[PDB]
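So this first bit is one chain, no partners, the form deposited in one PDB entry, shown in structure tokens.
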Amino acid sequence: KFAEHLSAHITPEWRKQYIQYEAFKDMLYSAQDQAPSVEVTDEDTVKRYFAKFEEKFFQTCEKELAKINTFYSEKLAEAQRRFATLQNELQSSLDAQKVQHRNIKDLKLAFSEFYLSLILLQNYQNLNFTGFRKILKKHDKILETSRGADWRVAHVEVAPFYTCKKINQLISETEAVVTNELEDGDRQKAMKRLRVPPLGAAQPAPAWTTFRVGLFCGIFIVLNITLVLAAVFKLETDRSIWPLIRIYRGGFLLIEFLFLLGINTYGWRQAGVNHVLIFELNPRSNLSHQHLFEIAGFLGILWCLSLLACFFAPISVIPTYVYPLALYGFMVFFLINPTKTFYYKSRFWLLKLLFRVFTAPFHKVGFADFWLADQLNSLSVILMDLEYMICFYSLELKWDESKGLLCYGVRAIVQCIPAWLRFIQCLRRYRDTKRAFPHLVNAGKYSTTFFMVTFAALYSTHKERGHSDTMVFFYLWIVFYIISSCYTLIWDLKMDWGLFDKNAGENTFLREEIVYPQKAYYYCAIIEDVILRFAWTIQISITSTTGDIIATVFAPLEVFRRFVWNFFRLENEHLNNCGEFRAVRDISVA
């Protein structure tokens, strides 16, 4: 009932302030078990044990409450100190109208993001009180006394965290001020923006969505079995399937990315590392994991069906080079669907992000656009494809005949588009912050992947012609390979993940604190990301030299290191947004 209820309804950034139910329960249960004797020893000696612990208990309760109200009052002062500046800012603004649209618009994200601190603090008044009357009721049950219940009336509801009705009156003035100065009355349009819906792991998946995740993962399994059958029967021929996989690798890397990003969003929501505060999403509406599994499953059904139509060749009139085109025209029409349907706010946010990353020297660099520029250094085969598959229909495809599928620059550069993106983003972080370690470095990390592709291509072109200036360039590519491997594997474990810290202490080789449940995950991953970081630099070289057989088998694997890396790049982030207790974004009105 509660221990779970409390370990779920808790605000992650504050976990070191709640009642610590588990320790209490364990203390009580251990105490009862280590009872001296039922009647074997003397009577009053049994009392001692059932006394000494009683003294210990109410003592640790005392310091326990002492934490709450101290933490509580401190948090409250913050709110008070907020409703101060957050109000005069409106005051100045109000008269100023006689960018104002913008100024008004950002202001409502100040209050809406204020009224989420309070109503996340109000919970802290209840989630403790009715987490303070439960634990006591076992103490009065286990020992079968009443001292606990009495102490509950002796200290708890006299203490300034349950009998301090200040937060509620703050809630009342914010909702009459927002109502009055933001929505021209119309309280209904104000308590639609302000209301906070039960968030965290406390929102179950809307049954229909778990169903649809069941369906699109259902059609998908049979479609995969049908592919594995038919590619071991129907396809059989003398025709080259290398165009077929060289075109159906893009969709696959992009499906294996969204299933894994779904598992990422779940492994974040459950383990407490909030992927809401960091990305700057709005904490009332999100995409829980199920929606990601569902989008991934859907695009997976589309991918499977296009492949099957290519192999089974279902209708004679449509040549065969139209199924891949239809599939990839849908996988990108779904993303620019200009209605307000099928994840409208979602795709619109993602599009704003892409536009602030695919042209990102100019715009600021948040965390969303520093993250989805390290999801493009792994799906970097979906770009050499959307180069190959675009050159191929243009200059190689035979439009005279219905049988289709069964393309000096472009590859070398297009392989380093995302590395260039991130190099520029880090230079921009520098040119604003004025701090080198860590912005100028962490811009080298990508300068190397420039001095790998270039030198590998030089060796390639000078071995194709087979000239004297070839072995020299190869000695250069091989000496820059170890560079662009270590200088990105040390950075993958020291500053991103944050592991290997002197404050490690008990956590052998790890960080001082670890958010994720077990202690073998970190070691498994610290081995994996070491293996799979050498077969991504090769994977870069080979698919740039003068190959696809190793590409289509290392591409689906790189995305796995990106998945196992998201866990820790978001942990090591949250657990730097935890030491300062920050449950709500600081929004700025200008």
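Residue numbers count along the first chain shown, from 1. Think of the rigid core as the biggest set of C-alphas that the two forms share within 1.5 Å after superposition. First, how it differs from the form deposited in another entry.
- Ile538 shows a C-alpha shift of 2 Å or greater between the two forms [criterion: core-superposed Cα displacement of 2 Å].
- Once the rigid core is overlaid between the two forms, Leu575 does not reach a Cα shift of 2 Å, moving by less than that.
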Given for the second form:
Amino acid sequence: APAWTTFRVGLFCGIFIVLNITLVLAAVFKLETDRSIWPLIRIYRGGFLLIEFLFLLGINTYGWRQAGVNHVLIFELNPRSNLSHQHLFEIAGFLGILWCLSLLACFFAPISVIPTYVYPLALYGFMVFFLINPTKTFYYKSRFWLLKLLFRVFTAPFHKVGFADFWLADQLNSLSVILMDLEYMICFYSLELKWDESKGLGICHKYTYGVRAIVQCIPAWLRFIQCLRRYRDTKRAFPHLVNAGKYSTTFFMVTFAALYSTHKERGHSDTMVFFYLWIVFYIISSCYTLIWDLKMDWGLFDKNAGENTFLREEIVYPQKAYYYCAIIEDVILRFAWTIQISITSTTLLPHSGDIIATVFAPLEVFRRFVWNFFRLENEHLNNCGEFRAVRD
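Given the form deposited in one PDB entry above, I would also like to look at the protein as it appears in the form deposited in another entry.
There are no partners or other molecules in what follows, just the one chain.
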């Protein structure tokens, strides 16, 4: 832990805090209600979810190291250049500083020639260049390893599924809103954005051509084909085929939701029955993911709970109240779709679904943030698939 690393963590976090405060006041007074900020909020939602994911990943690394979860061995990392929690904090703070600066430029641009729609383009271009620049520049080993995983994950059936690919595909399943916002940005730039004044002022926000449904299922599709690939590599259907069923429930939920969204303008009487199908399949998917979590993912609700009631018999975390709060919050957050459909169906507030998605996306990232702790703890305690050698 070099002194300048912690200094950069604190420096970036302090600049981040002051910039978030400045953003809040700028939105309160400086921002004008005439321009619609929904495309802006979606693009910067993708960015902010990435930054929040990096912060929570640093917290996860901190918890794993101070609890005993040997995530270095689980992730198959070299124990020489493994990224510490502080380094993830610098990455998150750096990208958050550029996020805040780009958003502030979108609020007020202190340049007369440079337009506003380039600031997000420049921001995400800097993210991509930071990820893929060939030179041995900032954190070269980390992003090279991440780029290798990003290549292996998106071409899943042709590579043997190790733990790193699984884990990253699950994080992508949590961060599907980032892919959603990337697709929305591309569609908005190519079709709706008038390259004249700004990005303020929609044929890309809905499922008109069904492309967004494909983007929704892309993480689910990768996980599904990884389960099938693991079936081919090891003929054992009990974990893998049921997990693939768990992801195909997501497939069915997404396609029925898209079908209802398309049919709401068609006027077909089958719209109501498609809504029924979407609701029941959302129930099935929510219970399927929740049960899989608490049983096979976290390993809780074991038959050998003992003193640790409603839990397993080895516990590495200090307080069990963490476990019970995690179980509960998992129940609501997996079933948060019930809350969202209730508020979007019992109210007539304009652009309700956009607000609901905007607030519940960080809650989904937080849900996977909590999921990481107990999934990796379960893996550290007893092997689940991707070890095949020892318990550790």
